[PDB]
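Heads up, the chain below is alone and in the form deposited without the partner chain; it's given as structure tokens.
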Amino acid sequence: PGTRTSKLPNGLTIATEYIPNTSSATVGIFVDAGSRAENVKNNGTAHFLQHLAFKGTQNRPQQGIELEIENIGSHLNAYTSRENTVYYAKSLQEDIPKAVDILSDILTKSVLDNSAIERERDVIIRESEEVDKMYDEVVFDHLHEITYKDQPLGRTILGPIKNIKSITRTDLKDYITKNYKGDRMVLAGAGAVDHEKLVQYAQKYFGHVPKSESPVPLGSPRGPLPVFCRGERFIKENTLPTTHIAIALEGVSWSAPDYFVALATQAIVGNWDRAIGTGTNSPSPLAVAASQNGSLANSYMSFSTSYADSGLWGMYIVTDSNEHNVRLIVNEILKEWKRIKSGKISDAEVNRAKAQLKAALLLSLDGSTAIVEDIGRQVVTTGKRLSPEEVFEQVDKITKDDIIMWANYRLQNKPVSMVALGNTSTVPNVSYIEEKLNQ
């Protein structure tokens, strides 16, 4: 009952959750790495590696990996974030060991053929071109760049085209040698899984991994805490039909004691879409204002992003480049945050938000894959897994007061950073935002 844990001699942590009445499972290897472990010339390597890890290992050619997974009915996948590198598999319980084997093989014994490395440069460029058509993604990459100015967290995951064209097999092997240490990784499993056996297979297939020489427990401080830099970037682009704005303030990290309170406050502001509404039976004064007299925007979305040592909390706005005065929708958002700071919120909306939050965090923990995802990410970024019942408790105890407290701390006399893409002439300044907000 709950999540069993074990540490291998090289530092690797094995976290598992057995699911009764199942015959399948998910296993995944999580590494504290990602793009935040790269430098300016290095930037884009982790993602590049993710494409290559499927092109062949010292034990299996590309087509050999695919064909093997397909024959037993398993699934192989992976992703790179600013904080982690993750590879995972889904399979019938009989194939779990075959899965751990293949995961270790793909993560640590990848061939990295020079021909492959060149053919892929093109795939990544294509990839980057497509992301450029996703205005929300673009706005958020820029926001990260100016908010975490000249810091690791401020860099994108794909990296600049310049680096995508210059990354060498050396860069790749270097990144691997530097970051893949047992004390920086978690092997997480859920479903029809035997914790003891999974630990053995872990040692067998992952035991060869180098321990860092200066080991640090999974959730302990990397080094100097990222620092939130106030800033603004107006990216004028008069050809876009819609204008996209992101406004942020220093948020909360995964382990912050006020983590859930931050999410609860995000839920109290919520989202809105000009066509769909709020997704709630009763709209906040903000949602009502946004929809009034012709509408003030096309939509707005509250967001909270967390990292092991930092976080961003704010609003993402999409407006009609020809019909909306962005300044009007921004006034309303600030007014709403000030409403929270002033305590003018009902018990009902606070309980509505807690219910929404509980649902989003717990009812979504359905299959083994979502559960492995929660186990792996929590342990690799925090060093532990709060159980569904512990998370429920953390949300259930939140009070109207905790929220008011939290907003007055995080949204009063604090720096803000902002990015705008499209028709920028109607977009207000960052000092404008801070004036009205702190006012």
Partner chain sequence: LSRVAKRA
Contents of the next structure:
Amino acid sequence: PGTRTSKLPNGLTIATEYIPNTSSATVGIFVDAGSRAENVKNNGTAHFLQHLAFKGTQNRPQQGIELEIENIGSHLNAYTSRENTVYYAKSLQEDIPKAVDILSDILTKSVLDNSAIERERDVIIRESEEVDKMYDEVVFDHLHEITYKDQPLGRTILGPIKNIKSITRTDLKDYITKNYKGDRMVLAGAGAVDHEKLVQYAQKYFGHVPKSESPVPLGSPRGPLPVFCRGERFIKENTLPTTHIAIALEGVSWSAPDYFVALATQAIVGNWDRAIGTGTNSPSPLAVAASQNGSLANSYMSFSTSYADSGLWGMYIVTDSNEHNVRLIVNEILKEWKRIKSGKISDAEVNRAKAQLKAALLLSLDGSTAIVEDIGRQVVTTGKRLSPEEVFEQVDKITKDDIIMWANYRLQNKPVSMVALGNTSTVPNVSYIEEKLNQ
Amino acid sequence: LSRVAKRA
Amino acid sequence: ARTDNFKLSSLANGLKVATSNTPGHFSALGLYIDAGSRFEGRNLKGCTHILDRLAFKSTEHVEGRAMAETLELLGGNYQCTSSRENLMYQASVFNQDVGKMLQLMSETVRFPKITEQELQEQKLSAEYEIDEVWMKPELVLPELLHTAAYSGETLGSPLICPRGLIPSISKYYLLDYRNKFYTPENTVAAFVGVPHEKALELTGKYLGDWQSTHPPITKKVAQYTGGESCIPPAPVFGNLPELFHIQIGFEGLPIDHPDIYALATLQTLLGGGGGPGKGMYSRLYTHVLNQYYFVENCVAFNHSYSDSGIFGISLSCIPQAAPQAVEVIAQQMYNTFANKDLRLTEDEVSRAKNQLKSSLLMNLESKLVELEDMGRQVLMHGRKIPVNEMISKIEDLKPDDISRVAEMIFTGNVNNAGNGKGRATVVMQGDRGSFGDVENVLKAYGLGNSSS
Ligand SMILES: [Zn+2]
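Can you swap the form deposited without the partner chain for the form deposited with the partner chain bound?
First the chain shown before, then all remaining chains and molecules of the complex.
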């Protein structure tokens, strides 16, 4: 009944949530690493490492892991975000320990063969080249670069081609040594899982993990708070049929008291697609404007990214490079934020947003995997897990006024960074946006 | 609700 | 059915009410009607789709707008979809909203207004949807496969409505269809995370006084025929590689048939496709995907319905390889039972079994999936098979079993209600000549059946 928690002598946290009537589960190891724990020449390591952990360990050869997992019908996966590195598995309950075993094995005792470390550099480039075809991904990488100017958060996860061709097996081993400390990781499980037994296996297969010499509780401040830098980066590209713009303002962080209120304001502005509509029975004035007299854009989407110590909140626009005056659409978006700031929003649309928000945060925690994803991320970046029940309370209590204050604090006399890719010729700059927004 | 940029 | 906490009862009008599992963070519920394209015949062709696209619009007691905004306020996590054998309305909502959601599903199932305007919209929109669908091979090939497998009857009756038949769908035909299939005795109301006593209360309140229209029973058993069909090569778009496609299958087994679990193991064992656990150690990967690169995709399929099914292999490749397609598949099929030096191994069978178990159990981790599965099972044989039982039957599977089933299917030796033929179904996209004498290659390998 709830999320059970236990700590190991080396700091490792074991966070569990039992699910009645289940015979399978998901277990994952979450580390407070990621690319924000790299430096300029380092950039790209954590991800590289991740690819390599699947190439073989001091106990199991690459193809030995594969065949072992497939014979019991489990699944192994991993990703790297700016804030963390995650390795996790899905398997029947009988195999829970066997999975915790392999997870620790791959995460720490990995071979990192130099031969592998070389064939990989090409796979990582191919990977990189695909991301460059996903404009939204591109536009957002740049936004992070100029918004977190010369800071950890500002660098991308994949890293520069440069570093991908120059990462040395020593870089890897160092990132491991430097970052992989017990007090910096959470082992999360949900499904058919006995909390106590999982705490045991945790000791047995993760006990051997180095403790930090200067341990800090999972939630406490990294060091110097990232700082939001107003800026703009226009990327002319006359060949693109569509132009992609992103406009952001310093947002909110995971543990912030106004976290949900920010997500609530995001929901109130919402999204829109020139073809599909808003996916709401009643479109906002912005949504209506966007579509009138020919369309002012192809689509727009509100976004709100969070980190433990910072946040980005804004709009992502997509225009036809040959048909739209980007300035026209930006005005309506600014006009909509001003509307929120001025209080002219109804009880009805606030409720719709709270409802949209509630469903998005809770009804979506269905599988053991989706649930582990929540336990894991919440604890490894915050130091606790707000239960579904608690999250429901946090959203349900938000008020029209709460939103209006939040809007006035964050969208009035505050810096804005921006990025445009494509037919840059019609995009207004940052001082224009700030003038109209603050106007 | 906006996703968390991840790379696999 | 045992520690599912599965309870099943009926209202006087025939509506079966089913609940399973215990209170959780939220609940799931839905109405399941026993309808679908397999019952449209030639008269109602296209009706199942339009009706489902027409769900949750205006009703006798709720205004179109009000219906929409209230569903928005319940999280808006609901949908109505239909297939060859089902029509369902499901949704997951916060525990306290079960009743309100159920009331709404009731209104749309019992009192839809289907106004001239609502219908015009859906039809118009339906044309565009049909136009897009005919461009996605992932959709078109199976469509062609079913139509060919059953000579356009029942399970073979078009699931993608013929573009030119959409305009003639009138309110009259829609009403005719509702009067034949929307009856309490043809419906199941199912909940997950809701107390059986509460469900009975709500169900009776909103669905109790519902009465049957006592329509003419017109559900024909599916008769498998086998057959061949070929449509032209897809247009050469941009940098995308030109491919030809082919699907070969035989009559399979009904979902509640005894050897069903074995057949699913056989399917997992062949595997295929185009982190670990992704089934890269399945025969189709090994013997085809890793041995030929003129083959971009190769996977084993198992369509299983209430009274019949289709089992087989799908293969996408370079136009140049087209001529080898049939043989490559024929061989793989043959190697599952007929080749004495490639008998199914203990390892193959065991890994398969575990993967089957895994995919099922892992999917049932979803309240919505638990819901749908229970609704449909009740709708079909009126009981929900407990997980224990299921897992058991799979574990007791031994290699010879998988071998027997494999041989049975690939020899056209399946005997279902429809007393189907033993001919193979071969449907393909690309130039017809390119595939060669398909029947010859199949006969060569002793696949199929020629006598009675
Ligand atoms: Zn990668």
